[PDB]
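Please take these sequences and the hints and turn them into a complete structure.
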Amino acid sequence: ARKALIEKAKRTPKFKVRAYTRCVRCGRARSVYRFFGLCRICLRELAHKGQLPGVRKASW
Amino acid sequence: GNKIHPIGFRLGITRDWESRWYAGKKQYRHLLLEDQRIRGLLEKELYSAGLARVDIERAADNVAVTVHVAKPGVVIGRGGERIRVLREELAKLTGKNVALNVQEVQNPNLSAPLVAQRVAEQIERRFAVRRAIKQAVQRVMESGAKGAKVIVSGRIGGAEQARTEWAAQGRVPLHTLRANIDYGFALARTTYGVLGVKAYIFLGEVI
Amino acid sequence: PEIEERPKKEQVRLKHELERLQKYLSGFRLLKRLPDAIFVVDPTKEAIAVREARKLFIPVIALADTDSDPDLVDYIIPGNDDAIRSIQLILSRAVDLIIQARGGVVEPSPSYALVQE
RNA sequence: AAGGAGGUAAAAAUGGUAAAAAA
RNA sequence: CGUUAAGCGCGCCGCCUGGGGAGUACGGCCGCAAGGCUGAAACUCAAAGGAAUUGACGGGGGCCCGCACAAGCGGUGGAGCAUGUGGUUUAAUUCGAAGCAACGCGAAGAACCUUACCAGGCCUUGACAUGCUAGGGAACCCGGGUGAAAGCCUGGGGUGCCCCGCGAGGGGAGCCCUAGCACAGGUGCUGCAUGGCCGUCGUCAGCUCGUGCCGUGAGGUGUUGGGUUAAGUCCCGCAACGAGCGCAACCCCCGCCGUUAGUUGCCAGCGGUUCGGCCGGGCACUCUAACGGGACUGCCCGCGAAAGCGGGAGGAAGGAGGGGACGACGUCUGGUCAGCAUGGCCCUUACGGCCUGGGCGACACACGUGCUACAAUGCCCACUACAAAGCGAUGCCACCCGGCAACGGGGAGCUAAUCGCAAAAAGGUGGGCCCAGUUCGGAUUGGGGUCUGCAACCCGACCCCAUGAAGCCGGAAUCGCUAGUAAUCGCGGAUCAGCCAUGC
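Which chain is which? The protein sequence lines are A, B and C, in order.
Heads up: take any position in the first sequence, counting from 1, add 1, and you land on UniProt numbering.
Heads up: take any position in the second sequence, counting from 1, add 1, and you land on UniProt numbering.
Heads up: take any position in the third sequence, counting from 1, add 124, and you land on UniProt numbering.
Everything labelled a hint here was simulated from the structure, so no lab data went into it.
Heads up, a few of these hints could be off.
[Stated by the list, open to error] Computed from the model, here is a short list of chain B residues facing chain A with C-beta under 8 Å: (1) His6; (2) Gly9; (3) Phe10; (4) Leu12; (5) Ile14; (6) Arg16; (7) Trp18; (8) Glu19; (9) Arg21; (10) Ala24; (11) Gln28; (12) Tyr29; (13) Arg30.
All C-beta atoms, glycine included, are put in the ideal place defined by N, C-alpha and C.
The structure is reproduced here in structure tokens:
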């Protein structure tokens, strides 16, 4: 399932330990860099497309 | 293979952020959340006149949007009864002070997003791919540009083999910086598939 | 003042190319329009030259030694090309001849040193 | 040797992949 | 091809007339035979061809480069443990990726969640949005039965607003209920229908434009030739002269200097001191983090026609200074419909949805990446040392205390260059072991403890004390690495209740 899953956590159930992050610009939990509330592919699509402040195509 | 966004590499002094506002560490998320939502529902509505850039500023209620349209004419509406509803909803789903500002760019055949917009939309209306698109690169270098390239990838005419038909005219120095390039990809949707329209346009040195 | 401005190696290569056009287009930097006829030395090499001229309908004067065909040329000169003194006589004469059409008669000077040494 | 060339030398344990078909 | 004509002309002979049928049938002459000479047709296809151009290709070769080899230092295979994997198996052990280009890879935190897999309970105009018909409820605050939980049957409250009211009433809206409907939804198939996005050949040096010339032309040329470089980098040649994307350069980190600037640093320079930057003071020095300059074979000498090479210096900086992002034209129907969108095919009270359980961790083996090791250049306990970077608000958590500890109770400061994570470790400085399945190595093993979390059986990390296997330095083979690189040693962040992180 997918659609119902985002709704599952979107409404906080019983135990604190049943929440799991969600890429609200793609829709998944795997590798969602919680800082941004974005998955990794959603992350890169945002930063790349210039729609993300503070970043930098880092070159350190 | 890749190419990488010239953009996601032009963020030196050649591409200043689309969204300019500082954020708190915690805050960051919800801010960008509402932000991307703004651009989002804006996209569906204020497309009508070519939505290129979407300049964003935020200080503290400072929700300043500098919508680079293409021609704000039949889009602000008579007396601003259309700018009205949009700023309205903007306020409806932004718990702060909204702004509109229809800053269209002087010239059409510049800033590749709207270039590729018309481009893909020609195929969206089934039209001649190579003919009218070669006419598009044409129009670019017929405006005063320095290098235009339009890659169009996908199911042309159906026929299994999704070619990547490509045209160009004028220098496109993608490894350079000062030179400055504008990149824009339109998301072309054939009634029978999704082909990707993409465009680079060159400008010049010194700047 | 493109001196202190712009990188140094940039200057360097520009100096190289400088002497590209300098060395290679030394005399030629005023050769404007169609140059009437040719003149040209040992008719073979300068018949890659005479080739291009022959196409341009630019009458061929040139100077010839034993090996190279004459007929491709319209105004042919037979004689030696080997030694400096050949073209010394012939050219110097020719030069204060075109300047006989002019004026000056300046002392016939060049060669002579390198003519044998 | 710089080359093109005319005569005499060396040089491969293995295999079957079909095909209607796109620009 | 060209005085040995395939050139210009003349004499004569044989011979040609689509490929295939076929030099075959029949017939005639021929031969000991094998066979020959002669020499057709029906039928059948619309092509068979000659050269010459481009490029892929090649179990041809020549040149070129590279940890390819050599040359050295440490390793995988050998044993135990970790994770990934085949296979194996179960009710389910959920899919994806496959020579290099999959195998500590999606997975950057699978107990239930996650979750797509199974057995079972159950809902289904659906956990989600969208609108209509006809009906009722105001929204909405609580509670009882039941049950593993979702779900299920009821009970207390309840009566905000528009119009017309000191009266009665209905209709209308957010607002929930039920039938019906239009519908949602499906991590079901299809990456051989696709976008996008990575791979990869490969930082390999490659792909071409312009006028001119050569070629009937396709096209070649430029780009094939030599020295040289990391380089299609540069020079020389040269029927070409150049020009663009590639390489480089403009971008960042790192090394030298400067100017702004001084709550980091400091007697460096002064006063005092609880002598501990601790109290005033100061910007010198570190630092911080900004704006430039500085290196180009520029100088000097010997060689080469130059491109370059040798030697020396000036300088923090030599001949591309070290690194990083940077990755063409193109191939490969690579990888991905299980991140997303997505053309189509498809189940629609079931392939949809919830819940509780169970698996993703299973075991007769096999395999890649890995941690530890097998020991005295070592193991062990004590004292002192120098790190850099990245963190921390309902989090960082110094402090006393209880506990040998795991951690717990009271408790400071902290939107941080000022507070804490935090002890860097190896180094060094003392004492123990005395060459041994050893104070080695802890693999595994039992009786107990701490912590998170509803919950720690499957299936959590961590503590204790008793257990203490294999392992004597690994055959075929095979990997890494050219400078602060290898080898060794510690440190943080990501996501995360926790943690299987020996991973990155």
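Consistency of the hints with the structure:
{"no.": "1", "hint": "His6", "verdict": "5 Å, holds"}
{"no.": "2", "hint": "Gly9", "verdict": "4 Å, holds"}
{"no.": "3", "hint": "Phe10", "verdict": "5 Å, holds"}
{"no.": "4", "hint": "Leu12", "verdict": "6 Å, holds"}
{"no.": "5", "hint": "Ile14", "verdict": "12 Å, violated"}
{"no.": "6", "hint": "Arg16", "verdict": "6 Å, holds"}
{"no.": "7", "hint": "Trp18", "verdict": "5 Å, holds"}
{"no.": "8", "hint": "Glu19", "verdict": "4 Å, holds"}
{"no.": "9", "hint": "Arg21", "verdict": "7 Å, holds"}
{"no.": "10", "hint": "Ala24", "verdict": "7 Å, holds"}
{"no.": "11", "hint": "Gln28", "verdict": "11 Å, violated"}
{"no.": "12", "hint": "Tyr29", "verdict": "7 Å, holds"}
{"no.": "13", "hint": "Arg30", "verdict": "4 Å, holds"}
In summary, the structure is inconsistent with hints 5 and 11 from the numbered list given earlier, while agreeing with the others.
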